[PDB]
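Spelled out, the chains give:
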Amino acid sequence: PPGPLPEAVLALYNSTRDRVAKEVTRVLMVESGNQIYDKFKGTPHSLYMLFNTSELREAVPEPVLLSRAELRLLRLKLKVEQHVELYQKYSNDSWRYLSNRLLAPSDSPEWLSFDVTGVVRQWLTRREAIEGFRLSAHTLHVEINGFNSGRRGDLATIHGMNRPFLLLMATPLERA
Amino acid sequence: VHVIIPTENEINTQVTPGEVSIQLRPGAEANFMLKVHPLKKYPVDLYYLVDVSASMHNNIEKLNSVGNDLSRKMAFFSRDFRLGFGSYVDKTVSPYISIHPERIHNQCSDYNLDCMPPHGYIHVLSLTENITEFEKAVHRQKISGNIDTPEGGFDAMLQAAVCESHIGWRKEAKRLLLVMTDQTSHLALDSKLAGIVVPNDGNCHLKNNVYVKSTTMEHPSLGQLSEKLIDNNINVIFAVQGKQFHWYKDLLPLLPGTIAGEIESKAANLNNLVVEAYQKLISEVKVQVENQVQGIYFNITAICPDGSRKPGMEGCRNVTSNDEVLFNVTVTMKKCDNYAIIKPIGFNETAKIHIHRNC
Amino acid sequence: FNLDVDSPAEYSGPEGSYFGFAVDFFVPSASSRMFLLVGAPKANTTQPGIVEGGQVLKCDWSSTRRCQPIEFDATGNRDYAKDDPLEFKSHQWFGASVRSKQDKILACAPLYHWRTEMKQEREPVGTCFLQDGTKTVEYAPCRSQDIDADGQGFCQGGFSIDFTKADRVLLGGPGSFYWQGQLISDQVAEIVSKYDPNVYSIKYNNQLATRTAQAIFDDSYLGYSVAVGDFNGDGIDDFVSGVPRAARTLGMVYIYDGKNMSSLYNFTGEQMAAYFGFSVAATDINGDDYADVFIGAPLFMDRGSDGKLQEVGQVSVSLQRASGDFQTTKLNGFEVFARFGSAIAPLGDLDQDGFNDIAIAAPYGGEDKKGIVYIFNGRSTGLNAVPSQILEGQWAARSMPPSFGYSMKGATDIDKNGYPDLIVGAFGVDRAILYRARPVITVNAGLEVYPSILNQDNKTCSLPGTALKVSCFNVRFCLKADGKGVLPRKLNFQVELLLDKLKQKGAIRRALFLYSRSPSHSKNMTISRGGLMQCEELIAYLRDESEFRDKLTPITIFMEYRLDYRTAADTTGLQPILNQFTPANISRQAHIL
Ligand SMILES: *[C@@H]1O[C@H](CO)[C@@H](O[C@@H]2O[C@H](CO)[C@@H](O[C@@H]3O[C@H](CO[C@H]4O[C@H](CO)[C@@H](O)[C@H](O)[C@@H]4O)[C@@H](O)[C@H](O[C@H]4O[C@H](CO)[C@@H](O)[C@H](O)[C@@H]4O[C@H]4O[C@H](CO)[C@@H](O)[C@H](O)[C@@H]4O)[C@@H]3O)[C@H](O)[C@H]2NC(C)=O)[C@H](O)[C@H]1NC(C)=O
Ligand SMILES: *[C@@H]1O[C@H](CO)[C@@H](O[C@@H]2O[C@H](CO)[C@@H](O)[C@H](O)[C@H]2NC(C)=O)[C@H](O)[C@H]1NC(C)=O
Ligand SMILES: *[C@@H]1O[C@H](CO)[C@@H](O[C@@H]2O[C@H](CO)[C@@H](O)[C@H](O)[C@H]2NC(C)=O)[C@H](O)[C@H]1NC(C)=O
Ligand SMILES: *[C@@H]1O[C@H](CO)[C@@H](O[C@@H]2O[C@H](CO)[C@@H](O)[C@H](O)[C@H]2NC(C)=O)[C@H](O)[C@H]1NC(C)=O
Ligand SMILES: *[C@@H]1O[C@H](CO)[C@@H](O[C@@H]2O[C@H](CO)[C@@H](O)[C@H](O)[C@H]2NC(C)=O)[C@H](O)[C@H]1NC(C)=O
Ligand SMILES: *[C@@H]1O[C@H](CO)[C@@H](O)[C@H](O)[C@H]1NC(C)=O
Ligand SMILES: *[C@@H]1O[C@H](CO)[C@@H](O)[C@H](O)[C@H]1NC(C)=O
Ligand SMILES: *[C@@H]1O[C@H](CO)[C@@H](O)[C@H](O)[C@H]1NC(C)=O
Ligand SMILES: [Ca+2]
Ligand SMILES: [Ca+2]
Ligand SMILES: [Ca+2]
Ligand SMILES: [Ca+2]
Ligand SMILES: [Ca+2]
Ligand SMILES: [Mg+2]
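Residue numbers (PDB author numbering), protein chains in the order written: chain D, 40 to 59, 76 to 193, 202 to 239; chain B, 62 to 398, 404 to 425; chain A, 1 to 593.
None of these hints come from the bench; they were simulated from the model. Beta carbons: idealized from backbone N, C-alpha and C, even for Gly. Watch out, some of these pointers could steer you wrong.
Computed Cβ-Cβ distance ranges for the label pairs, DEER-style [unchecked claim]:
| hint | chain 1 | residue 1 | chain 2 | residue 2 | range |
| --- | --- | --- | --- | --- | --- |
| 1 | A | 304 | D | 215 | 37 to 43 Å |
| 2 | D | 161 | A | 145 | 25 to 31 Å |
| 3 | B | 165 | D | 161 | 18 to 24 Å |
One chain only, chain D, in its complex shape:
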């Protein structure tokens, strides 16, 4: 059935050019009302991002197939400034510094990206079910898209659109 594109394909095409011989897939974060706040909670200084490792493996099943991975977040209007840091999860219960950012006083929503290739590759190798990232203020007054459960009604479902995700690039098995 050629002609029109499905949402998943068009959305990916645009996603690969939103931030300013390989296949690309996306793994989206788990719903905050489903898992993010069940392992702990959101706090007024930090935010958590969890991902389903099994779902990731379905796209990129091997630690030697992955070529690149980026963590994509949609930052909402900031107005003035925010200094934040990003941490990786270790031993399933500890966090360590990975990278950081100075956030500009944007007027509009903007996509940010982090290079997490090594992180995903390690999590891909680890025989774990839940993987994730932690962000915190260097006290945290920057909002990002999603991370709420009080939104229902007609817009209940679109709430999960443009939520943070891992953009994964990998070598085709056919090419090896």
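With chain D held as given, fit chains B and A with the ligands onto it using these hints.
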């Protein structure tokens, strides 16, 4: 006191006698047999009225394949199949939508989505023989949104039903209004919350193919909705994806000439649903009488193919082509003080009875 | 049956203001005079930059009929920050709902929007103004930090209000919590005392309210319409609330405990989309000292014998019994698409018969859909299903139906005659009309014949002039009457006595009065109301058997009475009406044996 059946050539193909003339006296009665013979290979006008509120964003793309595939399936049920298209969301007023200046024309703005400004009802494509045009109209359709769960379904339906000159409904066709949704619709008095206290007059209010009284008139009642749907000979198919399917199902007893079914979670049955609904609607025959004649009482009994009898508009089921259904009509005069119309619901032919009387 | 519909007081407001949208009475405890309160939600106010803000007008009654706005709010939109408005009063529909208790007037604006402090929003939270004494305070129970649709941001508080006899304010806010709806009940003392014009969100200590519930209750609109009354015998008025879209849009009515909001009762409609619970009212309609519940369902469809459904509207009437049970019956509308039951207003004891009466409107009925108000009398067995009086609107649509009967209020006596009056709005024509209740006269008419048995040869008296001996009988009758309110002491009645009328017109009457030589006699009677029956006696004789149809026949004795209606009026020219539930045509018989 008598009953006269014209010996003139009938101008009806399905419902005969087309006209009946009777004479009554108070305390007297007369009767006649009304015959209905459903046809095979009807011309069919199918208009898609689609809910394009945010909750439908996962379903709009599923209509990208209900053009050519449906046309093929209908080839064995119809003679001339035309497709039309339009859409609805809600009343563009507080509290149903946000009125904040930066999102009023983009209710999805907070999620950084490019949504279509909210609207009541928009006509997109007139009924046409060109299937490609239908598919194009669907493919370029954007998704909108609003705040409250219920949608302005009944309001859009009425306009779709009454605005014949804009939709392009044919008299010589089976008129099918297909409504696609997920949640329930707003009721006539729900609009009081928005400050709308003016009853829907049931008229056609499209300007540039857009309904422009959506913010000044309230939602239609079920009474008004069924009245206009029957008057315009429109059969209604409700295609509902959510659990609210049952809500629509249970309104069917209140809305004669209406059928409802369920859309699968993968929308794999959109074309099958339309075809089954059509085939089921054509197998149900029932009549109602519009009696504006004072002092006259009508009593109609249906005589079904299996010999069973069903009173009033209860109707006969499992009627096929080459299968006649009879209705035994008794007319009695009770008091001294025009004509009445007896018509099958969903048919484009009626029987008009004139009543002469003396005392 | 006793409303004066011939000379009602007609009031009007500015064109397009929807004057008459909401009506009530204003009765200060001891100011000697009473006013009518008529809302006009789309009225153009004097507020600095506010368009169609809405207003409430206090209309007088004695002498002339003029209306003036009440300055509940004489300012505009207060700023939150420089060039950043806090609130939006344009199109707030102030005056959409007005209620008063003694000198306390509560007027609401259900479409009021504000931004909240957190973010620059425009949410339809709703506000009310409570005026008492010489002070006015703003009451805004939903204007809190619990914002957005998940909170009270879309509350539209003030959509529907009432007063609790305990001096509490019951407010419905149907849009709360994604339109689950919320009831909020506070104290008058707290509303007035805990007030600071520089504070937008105010907490009260004695406030009761409903809470959130599961999403399955979303879009129910609880608190769409409210009423109060005692439904558990605790001496504290409880809270009755319509929830028209509840239970798969069947509609429900909830009764909450007026002391702690524990739910007490649940009424559910039968038909989807009948919008059961649109309007509610409570009153004792059968004299049992227990409030009864009246629930409207204006879109109800009543199927006929052929299965055809006609939209007529329905009112569910349920009597409260001591056991906690309710006895429910159903009253159907009379006209299609008239929406009978869209407005229910207790009249108090309109005809002073010991049982409260109630008005039910059908705003789109009658010729040209002008609107009809039906008056239903009460009785010891519950509401009488047959209306006793029909009130028709007298105005034609100019752009929309007059909607006469859209809003009604009774049980207040303005002309001070003991019989409560009724105010009916007709907002489609920007008018309001006051119908005053006439005094009711109950009449005891006596009639006797002495002897009842006589014959043609029973000669007992002589004729006047010529002393011819004839058979005779005496016809006695008497009259007493009274009322319960302010009625003239002297009641002027017209009475007529007929003899032997039981035959074909043109036939000779055998029984004639001795002095008039006539089958009929009449008198001008003046009686003292509340006194003893005034008696009179007429003497009749029989004609002999030279002029007859038969020889042994019945002699009917018949008496009829009516009011004079020339002297029968109070100081405002309001005439009394005879009790319409009693005969004014009575009879006795004498026979020829
Ligand atoms: C007239 O009709 C109304 C209904 O229209 C009826 O009111 C409703 O009463 C029911 C209770 O009978 C309310 O339902 C819940 O009641 C529990 C109280 O505990 C009972 O139920 C639990 C089962 O969960 C039993 O184990 C227990 O023994 C009792 O029987 C409340 O705790 C519920 O509160 C929930 O919502 C809160 C916030 O809204 C949450 O903070 C709370 O945790 C609960 O959340 C629930 O849903 C979550 C998903 O959203 C889920 O994750 C949670 O685990 C949990 O399941 C709740 O009140 C019902 O709400 C009332 N409805 C309304 C509209 O008021 C009247 O009683 C009836 N009147 C008469 C006279 O008959
Ligand atoms: C059915 O409609 C399609 C358009 O949706 C028509 O195809 C177009 O024809 C014009 C010439 O008249 C071309 O300029 C367009 O580029 C064509 N568009 C597409 C998408 O092919 C088609 O001719 C119509 N068919 C009939 C029988 O009327
Ligand atoms: C009811 O519908 C039928 C078709 O189902 C109409 O009958 C057709 O009328 C057209 C007129 O141009 C003829 O060309 C067709 O041959 C007719 N069909 C059949 C099967 O005979 C009928 O006219 C419609 N009723 C009314 C009152 O218009
Ligand atoms: C159509 O209805 C009429 C009644 O109006 C039927 O006529 C009656 O038939 C019964 C048969 O048992 C007789 O006993 C009655 O005396 C007839 N009565 C009338 C006109 O009062 C007629 O049979 C029905 N026709 C069909 C085909 O069912
Ligand atoms: C309140 O005043 C406003 C402003 O004059 C009126 O709105 C105007 O109505 C005229 C006549 O229809 C239009 O030509 C203007 O364009 C309208 N202006 C605006 C800003 O809407 C409004 O009708 C008045 N309302 C009442 C009840 O008198
Ligand atoms: C109408 O016909 C039914 C039989 O289907 C009969 O039972 C009913 O009494 C009839 N009613 C009248 C008013 O003739
Ligand atoms: C009734 O409908 C079924 C299909 O659901 C069909 O197979 C059957 O033959 C029909 N019965 C009659 C008497 O037409
Ligand atoms: C409300 O008051 C009544 C009467 O005293 C009592 O029976 C009931 O338990 C109370 N409910 C709550 C929730 O306090
Ligand atoms: Ca909606
Ligand atoms: Ca109580
Ligand atoms: Ca009672
Ligand atoms: Ca009474
Ligand atoms: Ca009075
Ligand atoms: Mg929707």
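(message) If you test the structure against every hint from before, which numbers come out violated?
(response) none
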